[PDB]
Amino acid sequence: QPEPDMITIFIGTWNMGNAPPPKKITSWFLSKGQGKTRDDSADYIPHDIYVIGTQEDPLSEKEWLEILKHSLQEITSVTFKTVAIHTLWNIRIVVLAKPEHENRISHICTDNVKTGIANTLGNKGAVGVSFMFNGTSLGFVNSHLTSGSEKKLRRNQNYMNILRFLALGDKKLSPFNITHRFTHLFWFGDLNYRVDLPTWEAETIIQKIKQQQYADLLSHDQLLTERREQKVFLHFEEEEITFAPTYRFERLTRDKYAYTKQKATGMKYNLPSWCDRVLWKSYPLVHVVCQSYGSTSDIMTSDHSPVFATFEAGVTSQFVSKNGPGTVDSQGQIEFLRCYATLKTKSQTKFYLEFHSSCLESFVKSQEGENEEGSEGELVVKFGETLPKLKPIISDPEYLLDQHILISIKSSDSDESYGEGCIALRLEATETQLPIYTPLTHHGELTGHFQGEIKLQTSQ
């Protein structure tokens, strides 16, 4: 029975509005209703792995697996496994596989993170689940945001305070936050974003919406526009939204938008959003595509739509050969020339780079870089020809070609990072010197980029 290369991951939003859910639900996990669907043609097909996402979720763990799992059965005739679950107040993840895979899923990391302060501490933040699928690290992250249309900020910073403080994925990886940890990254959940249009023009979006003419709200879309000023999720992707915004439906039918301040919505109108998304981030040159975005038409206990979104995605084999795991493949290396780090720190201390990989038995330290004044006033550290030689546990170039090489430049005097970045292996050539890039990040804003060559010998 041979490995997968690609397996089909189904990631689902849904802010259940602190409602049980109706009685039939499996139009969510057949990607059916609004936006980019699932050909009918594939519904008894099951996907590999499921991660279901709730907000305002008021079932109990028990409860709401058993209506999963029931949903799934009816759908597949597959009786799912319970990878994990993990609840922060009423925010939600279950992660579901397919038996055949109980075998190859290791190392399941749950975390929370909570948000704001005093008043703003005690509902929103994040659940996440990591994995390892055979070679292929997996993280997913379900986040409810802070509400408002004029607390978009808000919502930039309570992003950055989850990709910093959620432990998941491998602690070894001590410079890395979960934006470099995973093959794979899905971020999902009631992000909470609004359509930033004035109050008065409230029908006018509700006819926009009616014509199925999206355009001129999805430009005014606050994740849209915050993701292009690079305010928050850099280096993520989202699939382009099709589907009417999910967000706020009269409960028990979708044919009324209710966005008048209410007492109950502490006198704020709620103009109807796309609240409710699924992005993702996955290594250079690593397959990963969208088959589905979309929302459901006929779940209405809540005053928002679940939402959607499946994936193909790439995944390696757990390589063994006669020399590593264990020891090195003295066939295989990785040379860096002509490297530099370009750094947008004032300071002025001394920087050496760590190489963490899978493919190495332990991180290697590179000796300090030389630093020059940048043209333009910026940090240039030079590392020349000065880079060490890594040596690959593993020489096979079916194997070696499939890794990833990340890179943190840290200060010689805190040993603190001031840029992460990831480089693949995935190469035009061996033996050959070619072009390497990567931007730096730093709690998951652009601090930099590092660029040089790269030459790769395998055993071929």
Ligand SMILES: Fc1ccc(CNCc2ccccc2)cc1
Given for the second form:
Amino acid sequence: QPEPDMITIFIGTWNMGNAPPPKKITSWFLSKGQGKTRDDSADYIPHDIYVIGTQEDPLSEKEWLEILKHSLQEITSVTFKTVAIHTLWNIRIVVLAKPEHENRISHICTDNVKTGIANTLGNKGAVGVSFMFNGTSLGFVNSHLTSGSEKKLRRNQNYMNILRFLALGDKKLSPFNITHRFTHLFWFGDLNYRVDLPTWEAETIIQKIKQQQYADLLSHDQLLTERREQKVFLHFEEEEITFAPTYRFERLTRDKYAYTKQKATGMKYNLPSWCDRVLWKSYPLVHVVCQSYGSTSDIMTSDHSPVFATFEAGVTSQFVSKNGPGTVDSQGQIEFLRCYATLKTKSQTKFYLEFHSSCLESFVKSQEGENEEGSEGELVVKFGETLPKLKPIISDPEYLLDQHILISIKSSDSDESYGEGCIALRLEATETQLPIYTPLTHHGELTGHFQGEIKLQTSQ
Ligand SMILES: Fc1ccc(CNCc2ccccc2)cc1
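Rather than the form deposited without the ligand that you just supplied, could I have the structure of the form deposited with the ligand bound?
Shown next: the complete complex, the earlier chain at its head.
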């Protein structure tokens, strides 16, 4: 039986509003309702992996896993296996996979992060799951961020705390946070960003929603505006939104948005908003295609509607050769030539690089670079042709051209990373000097750039 080179992944996010679900939730897993929906001819075809994030989830793990498994079995006639389940108070992530994938999935990790201090600590935060699927690392984050139209900056803070502190994936990747540890990272949840229009416009907004005229509303969505100003989710993607706002509904219908201030809301307005979102970030030049992104119309127990997204995701096989794993393949080499980092830092330490990759036996430390002043005020760290020649464990181009090199630039004085990035080995040519580039981030914010040339030798 050949190993797959593609899988499909279902992402669901649903803020359940502390209510049990209705008896039928199959529309969710079928990507049926509003937005970019899945074709009827696919309804019996199981996704490879289902990742369900809930918020305000009132059920036990057992109660929810029985509902999920029974739902998928009814759709697909497949009994899914549980990869992982992790709950932080009423925030939960479930990962289910087809039985044939059980032997393909390993290195399963779970973690959570609680956001806030004192007053603001006790119910918001994130859960996450990571694992290997053959040669491919996958990470999944379900976050419930701070509520309220006025609190976008708090949400942005919650995002940075989650990507700093959530401990998933390979712990040897110590300079790297979750935004660099996975081939594919999916981040979803009740992100709680609102449509930032005046309160007095509530009925106008409702009118626009009834006319399915979302364009002007989306131009005021706080997550899209914060992302466009590089305040949050830097280097993540989101599919175009073509479904109505998923919050705040009167329960047991979808005919009414309940936006007016009430004692139960702390006297806050909840104008119709796209609270419930799915974003992703994949390594450069890896196949990832969103095939659905929408909301259900028939699940009405909560004041939120469920959101679905589905993806094609490229995956690679576990590779064994006669040499690696457990030695190098002297036919392979990676040379980084005429490289320089451009950093936003005002520090004057010396810097060294680390190169991390599952195509190396272990990470490689460079010599210190040569610091110069950039003509617009910046630090430029030059590495010349001084960089260590990297020795991959396998030289076969069918393996090596699918790999990635993570780069950290670290202070000699403190050994702290000032920036992290990723270079694809999916080159136009081997044995040929070719331009490379990555932005560098630290704690998910832009700190610089790395650019230069690469020369890749494979067994071909
Ligand atoms: F649904 C799932 C439940 C459990 C798992 C864990 N499988 C680990 C494994 C891999 C290879 C051989 C033996 C064990 C993976 C998926």
